[PDB]
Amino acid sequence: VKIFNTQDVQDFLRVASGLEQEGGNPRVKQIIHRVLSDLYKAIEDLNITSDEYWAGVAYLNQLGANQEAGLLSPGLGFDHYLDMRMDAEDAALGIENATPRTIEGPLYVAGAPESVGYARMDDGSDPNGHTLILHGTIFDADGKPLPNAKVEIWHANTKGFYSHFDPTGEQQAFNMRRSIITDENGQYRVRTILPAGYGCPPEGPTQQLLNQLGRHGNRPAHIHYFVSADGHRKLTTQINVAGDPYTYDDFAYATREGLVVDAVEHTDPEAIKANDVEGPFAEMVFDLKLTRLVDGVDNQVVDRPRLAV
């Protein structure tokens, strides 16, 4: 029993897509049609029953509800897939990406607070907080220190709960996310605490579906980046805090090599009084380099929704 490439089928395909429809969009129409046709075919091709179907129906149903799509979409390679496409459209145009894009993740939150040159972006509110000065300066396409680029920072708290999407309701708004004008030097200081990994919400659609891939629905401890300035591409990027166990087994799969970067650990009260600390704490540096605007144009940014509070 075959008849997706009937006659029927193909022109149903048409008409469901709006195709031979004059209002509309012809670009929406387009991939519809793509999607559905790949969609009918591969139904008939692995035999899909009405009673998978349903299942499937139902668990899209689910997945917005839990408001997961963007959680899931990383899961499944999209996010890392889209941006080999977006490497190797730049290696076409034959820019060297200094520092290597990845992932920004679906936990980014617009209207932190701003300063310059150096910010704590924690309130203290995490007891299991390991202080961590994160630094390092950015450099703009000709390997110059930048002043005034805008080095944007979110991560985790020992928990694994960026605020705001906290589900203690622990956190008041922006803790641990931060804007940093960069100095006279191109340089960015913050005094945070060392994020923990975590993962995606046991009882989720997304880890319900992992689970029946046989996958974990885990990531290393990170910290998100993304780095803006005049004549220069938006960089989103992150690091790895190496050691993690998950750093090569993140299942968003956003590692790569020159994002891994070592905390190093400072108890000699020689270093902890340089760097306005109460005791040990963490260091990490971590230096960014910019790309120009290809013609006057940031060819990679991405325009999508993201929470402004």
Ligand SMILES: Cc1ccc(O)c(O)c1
Second form
There are 2 protein chains.
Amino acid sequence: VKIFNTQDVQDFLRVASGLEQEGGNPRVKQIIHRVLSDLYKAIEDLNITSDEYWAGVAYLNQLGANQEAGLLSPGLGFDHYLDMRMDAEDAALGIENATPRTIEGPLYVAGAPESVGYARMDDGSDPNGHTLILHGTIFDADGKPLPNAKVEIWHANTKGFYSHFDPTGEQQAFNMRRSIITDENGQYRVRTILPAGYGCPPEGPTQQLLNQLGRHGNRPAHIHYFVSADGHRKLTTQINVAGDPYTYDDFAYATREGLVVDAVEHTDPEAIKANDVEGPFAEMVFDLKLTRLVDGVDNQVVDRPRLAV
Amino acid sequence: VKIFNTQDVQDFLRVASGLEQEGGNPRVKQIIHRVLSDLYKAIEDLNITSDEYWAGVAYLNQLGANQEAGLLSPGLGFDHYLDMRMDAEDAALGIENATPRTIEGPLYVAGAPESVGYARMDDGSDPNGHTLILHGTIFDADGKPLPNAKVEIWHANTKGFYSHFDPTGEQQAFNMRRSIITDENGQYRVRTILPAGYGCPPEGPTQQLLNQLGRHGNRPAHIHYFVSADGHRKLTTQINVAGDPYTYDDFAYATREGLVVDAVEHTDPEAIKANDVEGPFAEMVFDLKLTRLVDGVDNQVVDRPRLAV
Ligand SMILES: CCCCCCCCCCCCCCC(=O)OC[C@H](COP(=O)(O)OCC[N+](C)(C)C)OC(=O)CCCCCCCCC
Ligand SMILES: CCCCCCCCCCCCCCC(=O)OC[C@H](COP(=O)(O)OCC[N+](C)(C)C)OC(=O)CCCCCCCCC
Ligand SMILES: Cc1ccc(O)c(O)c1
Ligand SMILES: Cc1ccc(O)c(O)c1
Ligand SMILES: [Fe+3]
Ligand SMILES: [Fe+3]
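Output the structure of the form solved in complex with the named molecule; the preceding block shows the form solved without the named molecule.
Zooming out: every chain and molecule, the one shown earlier first.
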């Protein structure tokens, strides 16, 4: 029993997609027609039953009810795939990406405190927090230190929770989220704590689907970056804390060579005083290099829904 | 950009689908691998940008947040498509379906009061309700009246709202929802009111998408039926009130020839007095004929999540 390639079904697909309708958006119709065709065909090819189908529809409802579509997305590789496409396009334009891009993730929040050159990111409310001094230089497309660049950093606490998405309700707004404008030497520097790896809500729809694929929902400890500057494209990337068990087994497939960074532990009193901290701390250095706009246009910035507080 | 066909993307798709993982459900992995492959390819063929992609992800959260995946499904033709498959399968088995099946819709509620041969379905709470006497006979696969068949009926009020899903504040539980056991002559008879067509929540995600396709989100006035009996398959169908503006332009594509019924209006005192009502009323007669089990089993019953009370 096969009906997908019969006139009845093909004509019905055009009707449902609004192809012969006068109103609407032709681009949406075009995409919907393709997606529907593909799904109708997959239902036939894989002999998906009604019981299976409705289980899929129920999952969609709970996926959205839990606001997890942006979490499942990277877990199913879309986020990284979109990055592969941008990389391919840059290669086509002859653009060399000194600092590789990687996924943004769904947890960026607009509105964080802004400062010049330095900022402390945490409020010391984490018991198990280990002091981290993260600093670096931002370079322009010509390799020269870039003053006034805006470096945005966000990461999780030791429990693997992000402010604004913390279930324990423990964190104040923008905790571990800052914008640092680079100083005269093109440098940025922050005092924060070493993040812990992130895990998907174990009871949520994203993890339940991953369980069906025999997969885990963990990410290694990492730090997110947005770096923007006049005359340059906006850089989206992240660094991984070297040594993490999941560095090369991230459920979001965000790891890339060049982004794994070593956290050097400092114990002597000399270093501690020089970075005036209260005791042993970790230090990470990470420089980032920007690319220039293409004929005055940032051909790769992404406009997507982001929480703004 | 064309990278879908490279080994890097093809292997990635296998990894993301857990195909190389030992745990999990092989059936789910099989379906996920196909759906991801098709979508990754659709993104390439249609050159879907990251901006477009994330609008799609946001829409998915909104769809589930409003619990409308089961409303969008029929709007995009899936529900009707699944029935087409069922019809094709029956046609191949030589099963002549006397009463045509059509979609269940997402508003069935389990546990309605039950009675033999007759019941009034509404609580008279609808100010504009017009009395409707709906009756008919249930026939077995041989064309013989079937006593003891269970006829389940549910429908909307004059505002297009159903009990348990009324946006304006609860109706009596199970208002306009009843189960009727056919009597000694295989008949069912109910007193209720004429329903008004249903329209999708105007500001909801389903209507928002339909707008982009230049389509409306309306359904003609209709009455749902579930009919079950020993030795026969469970029938899912509905009847359309003849004359409705959307009879042949249902956004859920559920109307079928043989399911459009005329509601005859009675105003003469003799009719009124005979059916013992309090004034003019409408009458609809609709008989249903059932099909026998296939090798002792109901090959088309659908088990899907349904609200129970
Ligand atoms: C609005 C239009 C939307 C159209 C969408 C069409 C998608 C196609 C549908 C495919 C559905 C896959 C069917 C999976 C399935 O048949 O069962 C999936 C599991 C169930 O667990 P079981 O243990 O098997 O249950 C049974 C326990 N018993 C045996 C004891 C009874 O549950 C799950 O959530 C996995 C399902 C998630 C699949 C979502 C894919 C989409 C993501 C982009
Ligand atoms: C987690 C894995 C899931 C992967 C899913 C991938 C989806 C495939 C890609 C989807 C591409 C959709 C592109 C839609 C688009 O580019 O714009 C869609 C419209 C927007 O209207 P505009 O007027 O342009 O808005 C702007 C008005 N301004 C200019 C004034 C600001 O909005 C909408 O909600 C329409 C959205 C339709 C998408 C639904 C898909 C579901 C199919 C089952
Ligand atoms: C997809 C995703 C989930 C959690 C994170 O912390 C992150 O950076 C990305
Ligand atoms: C999709 C849909 C919407 C409303 C209804 O009353 C119905 O039966 C089906
Ligand atoms: Fe993160
Ligand atoms: Fe209905």
